[PDB]
Amino acid sequence: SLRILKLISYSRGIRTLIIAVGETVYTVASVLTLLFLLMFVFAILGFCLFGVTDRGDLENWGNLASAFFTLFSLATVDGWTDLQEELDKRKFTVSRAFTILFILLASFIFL
Amino acid sequence: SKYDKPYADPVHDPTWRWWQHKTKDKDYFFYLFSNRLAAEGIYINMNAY
Amino acid sequence: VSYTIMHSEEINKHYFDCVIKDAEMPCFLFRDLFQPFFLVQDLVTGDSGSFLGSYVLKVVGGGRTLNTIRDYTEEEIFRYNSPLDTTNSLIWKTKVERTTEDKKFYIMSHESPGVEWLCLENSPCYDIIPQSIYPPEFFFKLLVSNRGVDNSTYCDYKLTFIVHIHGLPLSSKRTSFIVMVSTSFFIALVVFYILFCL
Amino acid sequence: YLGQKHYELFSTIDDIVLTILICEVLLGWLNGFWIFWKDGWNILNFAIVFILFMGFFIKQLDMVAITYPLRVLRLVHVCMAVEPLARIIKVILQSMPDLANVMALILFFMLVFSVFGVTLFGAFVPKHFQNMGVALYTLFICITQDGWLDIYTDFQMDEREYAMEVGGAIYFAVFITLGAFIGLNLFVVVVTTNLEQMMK
Amino acid sequence: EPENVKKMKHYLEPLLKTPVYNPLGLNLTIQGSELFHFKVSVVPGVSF
Amino acid sequence: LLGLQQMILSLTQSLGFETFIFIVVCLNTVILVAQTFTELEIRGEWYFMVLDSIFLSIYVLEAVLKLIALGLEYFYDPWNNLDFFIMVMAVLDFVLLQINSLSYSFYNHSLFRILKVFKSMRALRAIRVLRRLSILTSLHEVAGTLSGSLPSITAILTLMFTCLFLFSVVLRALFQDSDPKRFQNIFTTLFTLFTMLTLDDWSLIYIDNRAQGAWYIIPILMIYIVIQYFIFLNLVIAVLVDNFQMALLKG
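Protein chains in written order, with the authors' numbering: chain A, 150 to 260; chain B, 690 to 738; chain C, 888 to 1085; chain D, 92 to 291; chain E, 991 to 1038; chain F, 337 to 587.
Just so you know, the hints here were simulated from the structure itself, not pulled from any lab data.
Incorrect hints may have been included.
[Said to hold, decoys possible] Here are the simulated DMTMM-like cross-link-like pairs (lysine to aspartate or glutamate), alpha carbons at most 20 Å apart as the crow flies:
(1) B:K715 x E:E991
(2) F:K517 x D:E287
(3) C:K945 x C:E1008
(4) D:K218 x D:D249
(5) F:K517 x D:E252
(6) B:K713 x E:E993
(7) C:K1028 x B:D693
(8) C:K1060 x F:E381
(9) B:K694 x C:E1008
(10) C:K945 x C:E963
(11) C:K1045 x B:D693
(12) B:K713 x E:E991
(13) D:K218 x F:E477
(14) C:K1045 x B:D716
(15) D:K218 x A:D203
(16) C:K980 x C:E962
(17) B:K715 x E:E993
(18) E:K996 x B:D716
(19) F:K586 x F:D413
(20) B:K711 x E:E993
(21) F:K586 x D:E287
(22) D:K150 x D:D189
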């Protein structure tokens, strides 16, 4: 596939398109850094809210990589229903409010 | 003569129903009685009645 | 009682008692469908088994509050329970096909769909005004018999007891009366306002 | 496994970052309390260091869920200072006054259509349509529009042919699609307005 | 402490002048750097 | 009592419509939002419907006043047409409850569902007539700039309607005797095409259609999904963005 990328390295029209879209690299890097900062903030928040109590909800707000992936899914639209059905049974009523607040900030702001 | 009430109730046992909250103080009253301190030395138990 | 509570919970997804909870007395909801269960206990033995069969139910009296109940005559019970009565006096109607001899009263079992309560215009549900807050409550004294629907008992277990209900909305005129009196008084007031504003 | 030989070093670096933060706050205070109090972000930094210092010195139930997010909030505040994120951050806060009216209109329409919602809700197809707050948040879930076929199967099989399974479902489906489209459009519209402001 | 030793604890803790615990749920937490020497006894009158 | 009655009705209608209608509709809204409220209706169910009938009598008095009022220009207002429609269903269900007897099913039936949704747009019209004051100019301008481009969005929704109907026809045609049990009729068909248009378990459709013997229906669904998604969402986003963009270019 890298060889195929070297193939598509031709086509001066696509080169001009790449040049025309190449000034947004710093902007998309800045938006990615803001995204990552928000994932880190809500990663430590979700850990402190659900994984330190250690009464369930493991590998969703527990281990770091699984927690990060669940947060990325919650920032997207996918998996939110089943994640909510997983978290509402852990005697944490305000977890639903926290998760819908997290959605209405992260998903809308990012997209 | 009183357990002819028309309701089903839990497991019938009228002595158990009137005991109720006092079924959890068996050893409590036993310790109070054993050292000869509780009341006039009178002890009432479960299975007698 | 406990089987009735949990069956109402499973069927209607809810079960509401009175504002004053009673341990022996459960307040059944009028909106919730009622499915009666009964059991025969042999108190001289350690045996108490559910009644897996048919039984006869008929309301024999109604009361607003405590000791305000009276028994009903045979013609009264015929009006209030027998589907043959064309007069709108029926208290309940169950979508069942089984009926006793002479087609007098409905016969229902443990497998029956349930009891649907009506208490139509001739019943004392109509013209009900509680004297205080909260929906009015009612008690219905009734007997369950096994007189002619048994092939395995030598005598019937004729049991008389009371069923509670709350939330009674049964009438009509009163709503019309309050509606027309409100319309008449408000149009009189508005016409007075118009004439005195001119 | 890392913590058992790092907890004392974690405590020392906590003390070091707390004392350098309060030293920076004191240095800012030196120029004047009035100018530091009348600022848009120094108020946030002062609140951050005040909460952290009170939870450190005085006994508090604030614990890890306050100590760590306050540190990463300070991280965000410091990383805002360097230039190639400050322009982007400045216009996110410029977009929220124009976003707030969109949120208000969305929630008002959400309520006045939930009055239509709660009519076919309550005591039937329950546990997501009842309680009048769970119903609102479940309609919000369905408006966010992902995996609502659990709800579709939940209110499925009323009569198996039409019932209200036609009527209520099409009413709420067209409401969901209209609200989702309008909300997403209004969000990107407020974003494009405020950034047109930042390039103007 | 369930609703089984409430009356025991409320009767005993006055005249023994010491806290009274319930077994089968006892756990300890120590904040020290030394030797801790603990003794466990059973309340009088319940054994010979 | 002709034109003189009309001008007396105009002046006294201004006065009594400012005074009486506002307070009674506010009280109707208060009792209706305390009514819907499926936790306090059991703390009620007897003081609730009597007040419903009383305030519906007040509403039919409003209807009687509007009928005796100037007439044709009152009918010329679409909101007043909605009011007349609501009063028509209100008197219909009121007399239906009043006559009693009858011969159809009752005790919380589908007709009763139709009645309480009737009370739902009654509450909506109460909310609409309570906001005569302080609609707030910021969201007023926002709503006007929303409603500025009506023909474009109506054309786009007409196009999406035609495209969904075509996709529904072709998919129902190609899925014959291919377990239609999820979409055996036109309603469930168009609902499945709504799910396919709203990104809801169409991957599940792919995985449970691979269990069937048909495989080429998956690329067809695939290309249809992606083209209608990109075209429709991009068209609506672009149209509304530019519509607010000329408003931004102006003052």
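Now for the hints, and whether the structure bears them out:
| no. | hint | in the structure |
| --- | --- | --- |
| 1 | B:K715 x E:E991 | holds (17 Å) |
| 2 | F:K517 x D:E287 | violated (51 Å) |
| 3 | C:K945 x C:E1008 | holds (18 Å) |
| 4 | D:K218 x D:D249 | holds (17 Å) |
| 5 | F:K517 x D:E252 | holds (11 Å) |
| 6 | B:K713 x E:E993 | holds (8 Å) |
| 7 | C:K1028 x B:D693 | holds (17 Å) |
| 8 | C:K1060 x F:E381 | holds (18 Å) |
| 9 | B:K694 x C:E1008 | violated (33 Å) |
| 10 | C:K945 x C:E963 | holds (11 Å) |
| 11 | C:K1045 x B:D693 | holds (14 Å) |
| 12 | B:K713 x E:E991 | holds (13 Å) |
| 13 | D:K218 x F:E477 | violated (39 Å) |
| 14 | C:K1045 x B:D716 | violated (44 Å) |
| 15 | D:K218 x A:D203 | violated (27 Å) |
| 16 | C:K980 x C:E962 | holds (18 Å) |
| 17 | B:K715 x E:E993 | holds (13 Å) |
| 18 | E:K996 x B:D716 | holds (12 Å) |
| 19 | F:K586 x F:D413 | violated (31 Å) |
| 20 | B:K711 x E:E993 | holds (11 Å) |
| 21 | F:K586 x D:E287 | holds (13 Å) |
| 22 | D:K150 x D:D189 | violated (41 Å) |
Consistency with the previously given hints fails for numbers 2, 9, 13, 14, 15, 19, 22, ordered from lowest to highest.
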